[PDB]
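If you want the building blocks of each chain, they are given just below.
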Amino acid sequence: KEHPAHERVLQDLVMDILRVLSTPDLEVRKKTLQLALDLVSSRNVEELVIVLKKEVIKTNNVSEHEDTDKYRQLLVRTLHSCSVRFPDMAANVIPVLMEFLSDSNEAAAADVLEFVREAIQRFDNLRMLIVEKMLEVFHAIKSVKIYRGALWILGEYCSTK
Amino acid sequence: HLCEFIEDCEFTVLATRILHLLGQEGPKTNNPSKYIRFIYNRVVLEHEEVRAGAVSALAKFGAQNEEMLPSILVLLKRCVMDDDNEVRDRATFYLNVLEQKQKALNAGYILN
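Chains B and G, in that order, are what the protein sequence lines are. Quick note, the first sequence lines up with residues 324 to 484 if you use the authors' numbering. Quick note, the second sequence lines up with residues 438 to 549 if you use the authors' numbering.
Derived from the structure by calculation, the hints contain no laboratory data. Don't take each hint at face value.
[Stated by the list, open to error] Simulated DEER-style distance windows between Cβ atoms:
#1 G:465 to B:406: 39 to 45 Å
#2 B:435 to G:481: 50 to 56 Å
#3 G:533 to B:432: 22 to 28 Å
#4 B:446 to G:447: 46 to 52 Å
#5 G:465 to B:473: 21 to 27 Å
[What the hints assert, rightly or not] Think about it this way: if two alpha-carbon atoms lie no more than 25 Å apart in a straight line, the pair counts; the simulated SDA-like pairs of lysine to any residue are:
#6 B:465 to G:438
#7 G:514 to B:478
#8 B:465 to G:524
#9 B:377 to B:359
#10 G:540 to B:478
#11 B:381 to B:416
#12 B:456 to G:519
#13 B:468 to G:523
#14 B:381 to B:334
#15 G:514 to B:334
#16 G:538 to B:328
#17 B:468 to G:497
#18 B:468 to G:483
#19 B:377 to B:425
#20 B:353 to B:384
#21 B:468 to G:546
#22 G:514 to B:439
#23 B:468 to G:526
#24 B:484 to G:523
#25 B:468 to G:482
#26 G:514 to G:546
#27 G:538 to B:479
#28 B:465 to G:525
#29 B:393 to B:339
#30 G:538 to G:471
#31 B:468 to G:540
#32 B:484 to G:540
Even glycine gets a Cβ: it sits at the ideal position worked out from N, Cα and C.
Bound conformation, chain G alone:
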């Protein structure tokens, strides 16, 4: 309900809060395809900023992986990628950051 409605019940501000929370929660509650499905959408919206949250939430999530995620988790960041300079940069950088640590290690430091 939240997901859907909020989508078409708007307000960016809400998203900030919820994002943050969601950010922690991920794969302890599974339903991956859906959740992904959502996540993509959330990003769908413009705003470098709106887009950005899906990646950040993801870090706790990614790290944990779910009912299918690690392989693919690795595949995805690749599949979804962006320019728009500082938006480019965000993709690049997260990557670059990613680039910079053994992704397993990477996850551990950053997450905390």
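Isolated chain B (complex conformation):
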């Protein structure tokens, strides 16, 4: 990689390779994700993102996660980073949705992590929708996690007086 003359393309070929991952082995996959993250100057991105979303669908599937779960968390990390740099998009909204589906803490933690972050980040607009989304999600749901969720959000508050 310390061929820091680091050509565009090469980074790009990864996905192809990556496709192969669907024949799992997380551990390998995991190595990939880290590896993967790196190349992206917040670009070859979309095609990827899309692909990620594909992954995401794929991730849904019917699953009996045991290994891939892990991956997900990781992915999200990997993913997280990018965003920091980037301006990101709808894809993201989808996580929010996605997250609603889900049922385990670690994600909530991420989410929360996001809570924090976003709290810092504020360009805002999205949030509001999402807040709406959430409103649904929320209405649509119960749990400690949620319960907790409410608290912060509540804490947060703005309009629709």
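Fit chain G to the known structure of chain B by using the hints.
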């Protein structure tokens, strides 16, 4: 004995009860450093909740102050402070609450 043992004799539930009681008692029985010493410990434990009691007990206490407390009482809330969002909030809020009344007044209303 209670303090120590309970610490390493566990059960959160006990703590609730005792907390509540202790909550009232404070500086009428002095021994500040120790008592502080304890109090810190009680908090030490995780649980936003476990942590929380030491502050609440404190309100009757703080207000009264003891063999050294008012100046310092003021200093302490500052020295000990926390994030963890709603745990953050607890610190912030108590503060914020604190922020909101002349602390002398503050003590009077809340206490009752």
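We went through each hint and held it up to the structure:
Separation of residue 465 (chain G) from residue 406 (chain B) is about 56 Å and departs from the stated range, judged on CB atoms against 39 to 45 Å. For the pair residue 435 (chain B) and residue 481 (chain G), the beta carbons lie near 24 Å from each other, so the given range of 50 to 56 Å is not met. The hinted range of 22 to 28 Å is satisfied by residue 533 (chain G) and residue 432 (chain B), whose Cβ atoms lie roughly 26 Å apart. For residue 446 (chain B) and residue 447 (chain G), the Cβ-Cβ distance of about 48 Å falls inside the hinted range of 46 to 52 Å, so the restraint holds.
At about 40 Å, the beta-carbon gap between residue 465 (chain G) and residue 473 (chain B) misses the expected band of 21 to 27 Å. Annotation: proposed proximity of residue 465 (chain B) to residue 438 (chain G) is violated, straight-line Cα distance about 43 Å (limit 25 Å). With a C-alpha separation of about 22 Å, the suggested pair residue 514 (chain G) and residue 478 (chain B) falls inside the 25 Å cut-off, and the hint holds. The straight-line distance between the Cα atoms of residue 465 (chain B) and residue 524 (chain G) is roughly 21 Å, inside the 25 Å bound, and the hint therefore holds.
Restraint check for residue 377 (chain B) and residue 359 (chain B): satisfied, since their Cα atoms lie roughly 16 Å apart, inside the 25 Å limit. Distance hint between residue 540 (chain G) and residue 478 (chain B) is fulfilled; the C-alpha atoms sit about 24 Å from each other, no more than 25 Å. For the hint pairing residue 381 (chain B) with residue 416 (chain B), the CA-to-CA distance comes to about 18 Å; that is within 25 Å, so the pair holds. Of the pairs offered as hints, the one joining residue 456 (chain B) and residue 519 (chain G) is violated, with about 30 Å between alpha carbons and a cut-off of 25 Å exceeded.
Between the alpha carbons of residue 468 (chain B) and residue 523 (chain G) the distance comes to roughly 13 Å, so the proposed pair stays at or under 25 Å and holds. Only pairs whose Cα atoms come within 25 Å are accepted, and residue 381 (chain B) paired with residue 334 (chain B) is accepted, the gap being roughly 23 Å. For a cut-off of 25 Å, the pair hint linking residue 514 (chain G) to residue 334 (chain B) is broken: about 52 Å separates their Cα positions. With a CA separation close to 62 Å, the supplied pair residue 538 (chain G) and residue 328 (chain B) exceeds the 25 Å bound.
Among the hinted pairs, residue 468 (chain B) with residue 497 (chain G) is inconsistent with the structure: their alpha-carbon atoms are about 33 Å apart, more than 25 Å. Of the supplied pair hints, the one linking residue 468 (chain B) and residue 483 (chain G) holds, its CA atoms being roughly 18 Å apart against a limit of 25 Å. Between residue 377 (chain B) and residue 425 (chain B) the alpha-carbon distance is near 17 Å, which keeps this suggested pair within the 25 Å criterion. For a cut-off of 25 Å, the pair hint linking residue 353 (chain B) to residue 384 (chain B) stands: about 20 Å separates their Cα positions.
For the proposed pair residue 468 (chain B) and residue 546 (chain G), the alpha carbon gap of about 34 Å is over 25 Å, so the pair is violated. Distance check on the hinted pair: residue 514 (chain G) and residue 439 (chain B) sit about 24 Å apart at the alpha-carbon level, within 25 Å; holds. The straight-line distance between the Cα atoms of residue 468 (chain B) and residue 526 (chain G) is roughly 17 Å, inside the 25 Å bound, and the hint therefore holds. Our distance criterion of 25 Å between C-alpha atoms is met by residue 484 (chain B) and residue 523 (chain G), whose separation comes to about 23 Å.
Distance hint between residue 468 (chain B) and residue 482 (chain G) is fulfilled; the C-alpha atoms sit about 22 Å from each other, no more than 25 Å. Simply put, residue 514 (chain G) and residue 546 (chain G) have alpha-carbon atoms about 19 Å apart, close enough for the 25 Å limit, and the pair holds. For the proposed pair residue 538 (chain G) and residue 479 (chain B), the alpha carbon gap of about 23 Å is at most 25 Å, so the pair holds. For a cut-off of 25 Å, the pair hint linking residue 465 (chain B) to residue 525 (chain G) stands: about 23 Å separates their Cα positions.
Only pairs whose Cα atoms come within 25 Å are accepted, and residue 393 (chain B) paired with residue 339 (chain B) is accepted, the gap being roughly 22 Å. Our distance criterion of 25 Å between C-alpha atoms is broken by residue 538 (chain G) and residue 471 (chain G), whose separation comes to about 29 Å. With a C-alpha separation of about 35 Å, the suggested pair residue 468 (chain B) and residue 540 (chain G) falls outside the 25 Å cut-off, and the hint is violated. Restraint check for residue 484 (chain B) and residue 540 (chain G): not satisfied, since their Cα atoms lie roughly 32 Å apart, outside the 25 Å limit.
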